[PDB]
Amino acid sequence: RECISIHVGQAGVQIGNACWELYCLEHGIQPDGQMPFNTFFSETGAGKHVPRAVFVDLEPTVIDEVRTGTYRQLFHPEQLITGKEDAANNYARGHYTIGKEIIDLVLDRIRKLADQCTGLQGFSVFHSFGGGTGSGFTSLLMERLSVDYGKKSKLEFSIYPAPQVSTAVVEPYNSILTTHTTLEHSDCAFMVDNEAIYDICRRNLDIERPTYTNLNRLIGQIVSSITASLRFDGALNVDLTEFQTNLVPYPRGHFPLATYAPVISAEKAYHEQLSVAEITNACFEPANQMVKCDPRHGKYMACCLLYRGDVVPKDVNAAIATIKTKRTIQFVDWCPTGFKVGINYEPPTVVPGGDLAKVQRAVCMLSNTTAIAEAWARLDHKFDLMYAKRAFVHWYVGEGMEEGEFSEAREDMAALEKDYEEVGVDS
Amino acid sequence: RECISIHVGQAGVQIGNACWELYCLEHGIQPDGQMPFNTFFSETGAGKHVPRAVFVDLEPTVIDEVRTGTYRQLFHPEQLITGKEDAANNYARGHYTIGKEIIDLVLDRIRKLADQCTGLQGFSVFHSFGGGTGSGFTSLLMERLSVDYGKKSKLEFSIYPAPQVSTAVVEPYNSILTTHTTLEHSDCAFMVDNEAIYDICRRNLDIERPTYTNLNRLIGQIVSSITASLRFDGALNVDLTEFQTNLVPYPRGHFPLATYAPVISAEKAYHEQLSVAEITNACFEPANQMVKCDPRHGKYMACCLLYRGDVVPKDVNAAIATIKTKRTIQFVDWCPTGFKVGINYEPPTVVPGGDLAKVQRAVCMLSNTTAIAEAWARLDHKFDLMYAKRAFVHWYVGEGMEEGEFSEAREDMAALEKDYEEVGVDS
Amino acid sequence: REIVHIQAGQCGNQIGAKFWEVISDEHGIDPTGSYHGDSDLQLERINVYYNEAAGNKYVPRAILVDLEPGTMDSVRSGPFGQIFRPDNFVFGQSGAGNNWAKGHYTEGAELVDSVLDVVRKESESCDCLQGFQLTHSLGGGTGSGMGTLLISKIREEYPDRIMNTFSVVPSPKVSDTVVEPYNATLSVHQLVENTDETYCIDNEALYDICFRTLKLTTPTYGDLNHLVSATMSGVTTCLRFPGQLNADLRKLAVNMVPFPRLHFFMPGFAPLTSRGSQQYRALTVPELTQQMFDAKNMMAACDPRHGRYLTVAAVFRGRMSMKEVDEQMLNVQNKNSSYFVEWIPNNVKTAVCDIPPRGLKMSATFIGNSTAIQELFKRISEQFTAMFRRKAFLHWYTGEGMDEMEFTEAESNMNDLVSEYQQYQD
Amino acid sequence: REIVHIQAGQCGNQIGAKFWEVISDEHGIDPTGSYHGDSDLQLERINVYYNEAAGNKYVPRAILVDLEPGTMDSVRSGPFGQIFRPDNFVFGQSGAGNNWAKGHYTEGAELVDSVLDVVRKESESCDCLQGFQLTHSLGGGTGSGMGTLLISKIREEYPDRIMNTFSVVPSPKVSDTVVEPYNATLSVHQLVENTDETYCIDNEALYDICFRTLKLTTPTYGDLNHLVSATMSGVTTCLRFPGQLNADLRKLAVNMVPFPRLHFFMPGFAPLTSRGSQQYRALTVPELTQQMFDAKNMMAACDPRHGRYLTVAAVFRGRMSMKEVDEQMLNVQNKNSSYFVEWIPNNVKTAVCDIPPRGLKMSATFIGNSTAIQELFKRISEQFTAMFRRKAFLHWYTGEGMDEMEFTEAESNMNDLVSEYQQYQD
Ligand SMILES: CC(=O)O[C@H]1C(=O)[C@@]2(C)[C@H]([C@H](OC(=O)c3ccccc3)[C@]3(O)C[C@H](OC(=O)[C@H](O)[C@@H](NC(=O)c4ccccc4)c4ccccc4)C(C)=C1C3(C)C)[C@]1(OC(C)=O)CO[C@@H]1C[C@@H]2O
Ligand SMILES: CC(=O)O[C@H]1C(=O)[C@@]2(C)[C@H]([C@H](OC(=O)c3ccccc3)[C@]3(O)C[C@H](OC(=O)[C@H](O)[C@@H](NC(=O)c4ccccc4)c4ccccc4)C(C)=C1C3(C)C)[C@]1(OC(C)=O)CO[C@@H]1C[C@@H]2O
Ligand SMILES: Nc1nc2c(ncn2[C@@H]2O[C@H](COP(=O)(O)OP(=O)(O)OP(=O)(O)O)[C@@H](O)[C@H]2O)c(=O)[nH]1
Ligand SMILES: Nc1nc2c(ncn2[C@@H]2O[C@H](COP(=O)(O)OP(=O)(O)OP(=O)(O)O)[C@@H](O)[C@H]2O)c(=O)[nH]1
Ligand SMILES: Nc1nc2c(ncn2[C@@H]2O[C@H](COP(=O)(O)OP(=O)(O)O)[C@@H](O)[C@H]2O)c(=O)[nH]1
Ligand SMILES: Nc1nc2c(ncn2[C@@H]2O[C@H](COP(=O)(O)OP(=O)(O)O)[C@@H](O)[C@H]2O)c(=O)[nH]1
Ligand SMILES: [Mg+2]
Ligand SMILES: [Mg+2]
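Residue numbers (PDB author numbering), protein chains in the order written: chain G, 2 to 37, 49 to 439; chain L, 2 to 37, 49 to 439; chain B, 2 to 44, 47 to 360, 369 to 437; chain F, 2 to 44, 47 to 360, 369 to 437.
Calculated from the structure, these hints are not laboratory results.
Among the hints, erroneous ones may be present.
As the list claims (entries may be wrong) - Listed next, the in silico DSBU-like pairs over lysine-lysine satisfying Cα-Cα at most 30 Å (straight line):
#1 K60(L) <-> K370(L)
#2 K163(L) <-> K402(F)
#3 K124(F) <-> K19(F)
#4 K370(L) <-> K163(G)
#5 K299(B) <-> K338(G)
#6 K336(G) <-> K218(B)
#7 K370(L) <-> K394(L)
#8 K124(G) <-> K280(L)
#9 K304(L) <-> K124(G)
#10 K124(B) <-> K218(F)
#11 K299(F) <-> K156(B)
#12 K394(L) <-> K96(G)
#13 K389(B) <-> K326(G)
#14 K254(F) <-> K19(F)
#15 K389(B) <-> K163(G)
#16 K326(B) <-> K372(B)
#17 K218(F) <-> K60(B)
#18 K311(L) <-> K19(F)
#19 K336(L) <-> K402(F)
#20 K124(G) <-> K176(F)
#21 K19(F) <-> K60(G)
#22 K163(G) <-> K280(G)
#23 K60(B) <-> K19(F)
#24 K430(L) <-> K311(L)
#25 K164(L) <-> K124(F)
#26 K402(B) <-> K176(B)
#27 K338(L) <-> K176(F)
#28 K124(F) <-> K311(L)
#29 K401(G) <-> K304(G)
#30 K304(G) <-> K394(G)
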């Protein structure tokens, strides 16, 4: 029942920081690993349990922050893999010249972890699409990892190149090149828009000035509910492969949206009275989508609802019945139902120094929909435009990345878009 | 069950220093020999037990360091044999003009030790291939010793002329001349590459600046596990001749690689959680080979695994089964098995002022393989090249070393290489 | 005689755990396995469900099967970790994850022998094996996969013994998986062919009962399983003590299956009333039959009054007049002659045991062979069809080596079942 | 009567040390050699294994043979250094080092007389010598070398007495030497010809048993030897006190060897259960036979069900019904008529002793003459062949004066053994 986490570039690492902070909070584990859970922490005889994680950055910077900051004592030094020269927002360099120089070490460290791990369920990769050290390197690693562990589940939690705003101008390229690897090798991928989150921080948490710290904490909190939640023994312990059983209808379509519906400020925690139906209803409102997408313009393929803390199955069922009664949101016509429920007994995790106020229960939604496919069209336009001018193409050609690879990457993305169109239309 | 140690040139002595430091630490023996084991220390009625060792250096320098430094009170003055003029990196001078002037004394001192020793098992020689006082003198001594004690086991722990880097330019010559003596007279030889060790210090001990002090300590630690370990009474007390029984299949092939798989830094000692399988697995990774050789390009002829401290036979067997299951490393097709196990009850030895952090258990591997044979080809090229130009030949001719002896030495080395080729191929 | 109780999957295990609570209490057995009951009849047939180990430790004649370690752990950590025998805890590799093929065809298949060995060990400790009882879900994956897997295997060993199962049926409005039709269809395909009697219980129906009659604010699974366990006991309670009319799994089958294949039953339980309403109860045989023949008290979701009764078993508990019972049976068949199948003269089989459930003055349990149940099969078949037409989720079973032919064959054979029930309904 | 127990090699010595612990405890003997038991029957046949020295000090009728001083030291330093007689500690020059020729042919041969003198001294202290028991490994070198060496010598002295040995057999997956086939092959070559009965025990099989049934987290050699010692006692326990049916080494041989040469036996032991599972035990004769005829509880690695039973001995311990036992024997042979060799009418020889192992209410031990054991010989022979084809390690024996002819002759003769077992299997 154990798993391995992987972190790349800067984003994957920073997100990881939030995740492993949460896990420590959940299990009472100290910054030096001391406990005063074995699926995240390798058992240590001294009590200093150590994270099952691989950290990669071709420019140690963010890892040095970890090495010098808190939880440098938590993580094992062998896990903190760094390079010398960064990929620098170039998928091709991360994929090849630079990334390939450490990929051997990376795989060796993974192997050690996998040899230590008895009941390995799968992996959880944290990456972006912007940087090459995230995008390109992940592409390399996932291919290699897929070969070694064809029977293990590969989760990818990605930071989706936001449609409204971004920070690098060559993102479209790195994003589209990643797509044909993730779609090929991953078992389940998640796409998260920073801008959608910032918007959530503004509206729900009432934050005028939001940053990566709080943004990441929300993302990590979702992952806790997806994974760690199961490992606390609830009423309905839905397996990670059980998620796939019910969420995924085809060989493809590995793109669920992960939302969190108890997002709430400390002030609201006093006035607001939440419950099962209230929170469940909130997660189907085109506001907490965690991505620039409006479900109301597509259909629901599948929807897993994960509950934590003080919930009962009766109310959950009733809320779902109400949703199906509402009939505002559309479901795939050839999918009789699409609702699956996971239930914990353990409460929601609270971050000291956070904002997300303490609640008695929580809901996460993992939903497959045809609406999300529209987001790729926006990326297609961005790509097509820059591609038409071959802008920045020489940075990938300088690596040796075949021009035709870009056209192939697009076609694979377009295929994916087409599949979702067929799902919604056909009956 | 007793043995005699022999040290030549500077290297043999410096390595010896580490060895006898370890033995003192193990038995609680003080620098003046006082105990507050009889197989290494001759019993003294005053309690001042004295090392069964012969030290030889044709230029007293390193011995003077011993004579004036710590453990000058430990060793007997009769054992500290020195010359006046050094061999100076000339096998022929160490073999003849210079070495022969003290060899009589050396043999006489050995005889005294052997007359004192009841159940003599054999000898343990520490030498190099670089210097003539090590290489040439050892050749002389081993021949003489072989004559006197044809029934006693002769171990040779040699410092292998490293393929990447060395310190003398006439090493190839001294090395190739040694080969036909060691292969002839030795019962079991070990070859160690300083550069492979320095690499191990960098990777495992995390040392950016490694030197002979720490390097030697690692080598000595291995020897302790090979020999002294047996003399502490474990679960499986594999005899020195029992090693030979199982490790050696032919009249030749006396070249096992000796690795140590608990190499670990003080920091790692806290985060790392080791056990039988973990450590055992590490010893089959082409990284802790202690020699510039990659096992994955040859076959395993035989492999003795020596365990110390907190181990059990069940886990050892399981680890081996896992290795045979792995099937990545290849074994000789006509060798049904190749695994033998020795087990101690006494923990690993800790060096105050060392680096190798204290662990609860340890593993040494003594492995015969066809991969190591490739290392001699590298030496052959170095020899052939210098030989072709007869570079430095006049230093050996000046002694009187027959030119044809060099050609003969090569042919004997080449024969050895050929034998290993046949072992791997035939079935 | 002795009966083997096998539990398969979390659902089945949770139900069984409650079941063994109930009957251990019934037979005066504490959480050590020691007997401290007040009657002698509690030991008269204790052998049916318990081995008598040295020291008079009574050990559930039961096998605990699961593929998800953790659920099995919760069993060991529960009050009956001191009751169940450790070598009856069979589990290994992680669970199917709602993948019937993993449960039956592949991963679960690998561990069959580890169950069957225990089956044999149990069999050879018996003086006379009567049959097997399987408790599981019909859609879970492991419970439904290992369920029919083991049923086939067990019948091959004991073709002449009684195969009984209590199966939790996919409920219209109570879900937790989108392949519930795939798993159910693949399961029932093998269930029918290898089963002598099966009970169909809907969580939705229980959710209704546990509020409509018991007025529970927070009906939990432990309460729904409790309802199930009550009926499970009733089915075999006649075998464990004296009564005016005896009954048996065989006896029931003989009087409950008129047509080999139609052995699907709806279960019910008498006095269903809230703790504030119990004071208004008459506790008469009339009252009990009003509840027993109340469609709303049926633990299958399908409402019997849309079909007809091929045959009914009414098993009563406690001291009562035999005439009184017979009168009520007559009144019922006279009342709803349109509901009962006219091809049968006496549509109701009765039995009366001398001992009510501890704490009740008089009780009963209801087993109905109605034609209405066909509608549950239809509903599931339709859901299956809708998905199957798009080969939805098919790759999860394709990857296990399952072809399309099995799925089409199963559905075809499911249609036959419904058709047969319709054949025998007007 | 009296029986001589000789231990050879570290393996044999460690097993024997545990053995003498067990039977000394059985007969109420403390670590001084003084008797403080509660029964009188403990002294009824104490002479079998103990000399009665002045002061009532009971001294193991045993000879301790080794070529590696240090192991012998650990024996003297152990709890039975006050038990064993000092002149029975025979050792000298260092051990063979897994060199059979050193153990048998040369170095060990030099010290034979130092053993045989003790043998004679032991013999002349006896009132009636029945036979010898040798405890050793079959691959160790010294234990296997000195083993067959002494066996030959002893039979020359006592050709009409019983030669029994307990031999630890080279296990497929549990090693510690690469010449295990050489030593085993050279050993068995002389073993067969000079032995009346031999028991084959695999460390691998014990490793499985000690976890599968005893659930030991850290099975050590002291635990594996403990399992062995239990069966060693059972073999001769019938000679040391009263019983409904007596038994003997001779009696067993008469009923266990149908064909002179086929005297290799698999050993087993009844109640095998973990300390947390013992509370679920029935402790009945049925239960015991379920375990005794369970392939998984056999201490030889080869699984009996791949062969047939030429003959079986079932020796039971403690008060029990003779009919009950007979019934179970019948049930077993009826159950697996395909496993038992039809050429024998009653395939099972039984015996029942009145005294269970102290602390057990009822026990038993199992000795099987199966044809399946041939497969262990095959496996070893194949390993031997593969090496021998390259004359691998041959120089270690060549240097001792051993030629190739011995090795080819031994293997040829090993093939005959297997062939004979196959001759008598369908
Ligand atoms: C003071 C008093 O008389 O209390 C009653 C009671 O109030 C009522 C409401 C009981 C009560 O049952 C429930 O509330 C209930 C809870 C969950 C699921 C189902 C039912 C009772 O809990 C249940 C309990 O039942 C028994 O004792 C039977 O022997 C029953 N036992 C169990 O189910 C059981 C419960 C816990 C632990 C072990 C066993 C049984 C029935 C059939 C076959 C075997 C055993 C009874 C009469 C009562 C209480 C205690 C309040 C009723 O149920 C039963 C099964 O008898 C509910 O409607 C009936 C009418 C009873 O009068
Ligand atoms: C409280 C109680 O009843 O404890 C039992 C016990 O728990 C169990 C588990 C015992 C226990 O045996 C083991 O755990 C065991 C350990 C290593 C190797 C083999 C077995 C027991 O240790 C072993 C011990 O056996 C004896 O006393 C016999 O006389 C036995 N004696 C020895 O093996 C022995 C051990 C230590 C020192 C001296 C002798 C014997 C068997 C055959 C022939 C002669 C003697 C018994 C009944 C028990 C304990 C004490 C827990 C069992 O074994 C035996 C041989 O009886 C293991 O399965 C059986 C079932 C028993 O019920
Ligand atoms: N959600 C989230 N996104 C981040 C965070 N940090 C960076 N990003 C996004 O990730 C993009 C770049 O991803 P990375 O792979 O981490 O960039 P990098 O680590 O510098 O790697 P290179 O750019 O290739 O050198 C940025 O444009 C941001 O939009 C973070 O902490 N949280
Ligand atoms: N491993 C190890 N190698 C050493 C050490 N000291 C010297 N060497 C190696 O040994 C080689 C020379 O061996 P020696 O025989 O000791 O040289 P020497 O003692 O001066 O003898 P001559 O050179 O003949 O005078 C050097 O080139 C080194 O590579 C040491 O302390 N440890
Ligand atoms: N009656 C009842 N049904 C349950 C319970 N828990 C789960 N279920 C049903 O059983 C199904 C899951 O079966 P499960 O035992 O988990 O199978 P598995 O997941 O393959 O091990 C769910 O769809 C539920 O409808 C319970 O406590 N009682
Ligand atoms: N059953 C058992 N076998 C052992 C034990 N120790 C060693 N062995 C086996 O015996 C062999 C070694 O025999 P040994 O007594 O050492 O012979 P020697 O080395 O010639 O003295 C090994 O290969 C082991 O398989 C033990 O404690 N119990
Ligand atoms: Mg970067
Ligand atoms: Mg020098």
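- Message: For a quick check of understanding: which of the numbered hints are violated here, in increasing order?
- Response: 4, 7, 12, 15, 18, 21, 22, 23, 25, 28
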